[PDB]
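Written below as structure tokens is the structure these notes are about.
One protein chain is absent from this view; the other protein chains keep their places.
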């Protein structure tokens, strides 16, 4: 019944319920999510000394982000399985009040760790030319926080009030665009003065960044990307968490690995294998 | 509903209940709280060797605080989610007896670890002049203990007895002012004998300490800061936990980072 | 009896139930599973420096795989004990809806981490010759992904739609054969130049790889390997989890140890 | 019908616990295990602050922390599962499904802590006329006997007062022997070291004497005021408060002081 300002996963769960496939996949993909993060934490810790001292902060901040991501995805995995429970007579999983409603907002507030750190860490690997370290940092952190907070507010209304949903997301999108702007600037300046091999890694980082970060606004909109459409369903629920997981792995783990490799490159006298 | 000497979160949850936003936000913010601490733990451990040996005890102590803060904030997060349970009829979360009442007391007793350590660790980075190490340490430790223990007793009565609440709070404040007094002295003496860049960091630390520590009494009084005011509601519950989380992150993590940076400047190693 | 697209473990659980020996053994073997992985993690971390710097990425990748494996086998172990509950009247464990249906899928998405990593780590130990580092990797990774993803879809139908089960299994099997193809090529190129002890180990790694990886298709089909036969029963359920656990220990822990030993010979003496 | 159970369950089964009694007890158990895990990190991270020959003492502190953390963590959960809130009267009552609460968990775990704590001082100080192995054996035997006898006794703290007292008395005898040996060890360790080192060892002795004596205090607690004030939720709170003060003091502070002594004895200076 009355769900109020809740995520659409609950409305699907309280009305149609989820098939075995939809319920199991979502639980598996979230579990895959946190396993990758913990493993990633290990990777980043064990490779600290593969780069020169001054680049090591980047490994450290990658680890920091792994810790946050693992904790969150682990909790979000337990929340999924607590929120939906098998009805034997129907053969589907339905909303289970005593489990709490499912809410993606857990992710959002944790981005207050992830986003600032991911943006920050590249500043310990590349060299700026025109732009100033503290200034890029502050721009990254202000815009990151605003983006997140406004998106956080909006997602609570994804069902109860489409207008607020779309307005807060548009506002949040403005801050996102600024971030893309500043990061492209940072990538370019970071290319100045370094080896082709290093420039190549930076170019890959920019494509990865652009695509992986754009997946998140995609996950925000997922339920409506097909207009009472195909995605406003358990299919859209699965797709949302799939997109999140692909994005987390890409934006966090792969991103950090590439930065580490750029760092090996820029290090004397170390080279990639 | 007989709740007795319980925090006001339980009275709101037992009467009005919590909206989806109030219950979820409070849970997210408590969850961000403990995630920050475990993340911070890693940071402080992995940066120990960025400062001269004589300063590394500050990093170690920052790490120790992170361990404690993670455990307690993790527990406090679980306390929140099991104390309130969704009612499908009206779509609000209400007090769930079988999960225990919710109490902010976990956090308070955490301070019994953290406060002594956070005040203690700056003494491993700065050098005192006219003050004696042991005498400062002792005043930090005693006044901190009394501040927290008196506040801890007091918060049990925030609803059941407003007079005891305020009187214990008032007493707690007196020890707080003493710690502020002692800390400013430590910071001033620490400025002596070090470079201006170091002095600049200590100034930032003092302002951070001042603002972040004052937030806690703010959180103490939160429900009544608007008088049956606007904050005597789920909004006040949200604001209280938000303020705690900001204060913990500031007084623990940012404080630790600034001390580490100070230790780097003082180290015969530079900043970026 | 409305289970939908669910693993056969649930049908057995919901109809016959499991004997004490069947329920316990399956619980014990899953438990040994995740204990071995955590044990292995510690081993691989502590022996990183036993090889030359350039080989150490393989040790690291082994540790990384152990983390992922421990977490998933631990969860899978809990999935098991949560899904089936003792009935005191007949002395058997039956399906318990409130605990969620049991699904092996946790284990399949684990493979998305482990498979790409395992195939990858060998390239950090041996030298290629005619084919390039990036091309092998990319074929390993693409083929592994497709293998896992098609097998994953297939296992949901292992009872509800036998055809889908077999088709998806076959498609998956194609990418598997492709992987076996590239790998043997990798093993072969890797044998050139190195001492005799090293080629031997590699030959073992290849036998280990071929057997352990073939075990997974066996577990996939287990319940039907005797046709409603002997393995379409709790005995089939025990066998499947026993085979997964042997496979996983072989393909990740034993495989990793050998690669480590190879790296020591190419460095330091055993 | 509770049987040979700790008095906590009798209070919990009849009068119940107030919000403050129940919350405090849970909080103090939680502080306890948090301190232990924090301490584990401290002792590991400071190993290299003393000469190699002293580092075993850090390692043994770490060992004790692992032990104390696990047990206090378990006991914290045991407390909250054993007593459940009753909404009609607003008190927490015994909840059998959670199991009866028992302090005996602590006792068996002292079979790790006690021997390791007594042992570790011998890797920091130097004996003079006494032998390392003899002091070790004395400590270890008396420690085991002290713990086992008390373990047995506490099961009868309500069901059989006489047994409770007799086993406690026997346990105390071994305790007194341990105090005797430790004092001899402290005195010997003072011979030939700097006054800074001697001062610490003196503090270690006072700390050791008070903190260890707190444990028999916790044992007797329900009866320390005779159906008195402490035979109630107040004595339940006090017993756990006392255990936690004792744990932090006997384990952490002790370990920190031994580490400081090791620094003074390292040829490394005390900040």
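Lettered A, B, C and D in written order, each chain numbered from 1.
By our rule, contacts are C-beta pairs under 8 Å (C-beta built on N, C-alpha and C of every residue); 3 or more make two chains touch, one makes a residue touch a chain.
When the whole complex is considered, the residue among C:6, C:12, C:36 or C:71 that touches the unshown chain is C:36. Within the whole complex, the absent chain has one touching residue among D:49, D:102, D:138 or D:244, and that is D:102. Although one chain is hidden here, its contacts on chain C can still be listed: residues 19-21, 23-25, 27-29, 31-32, 34-36, 38-43, 46-47, 81, 85-93. Hidden from this view is one chain, which touches chain D at 1-5, 44, 47, 59, 62-64, 66-67, 70-71, 74, 96-97, 99-100, 102, 104-105, 107-109, 111-112, 155.
Criterion: only the chains that are shown with their structure count from here on.
For this pair, chain C with chain D, the centres built from the Cα atoms lie 46 Å apart.
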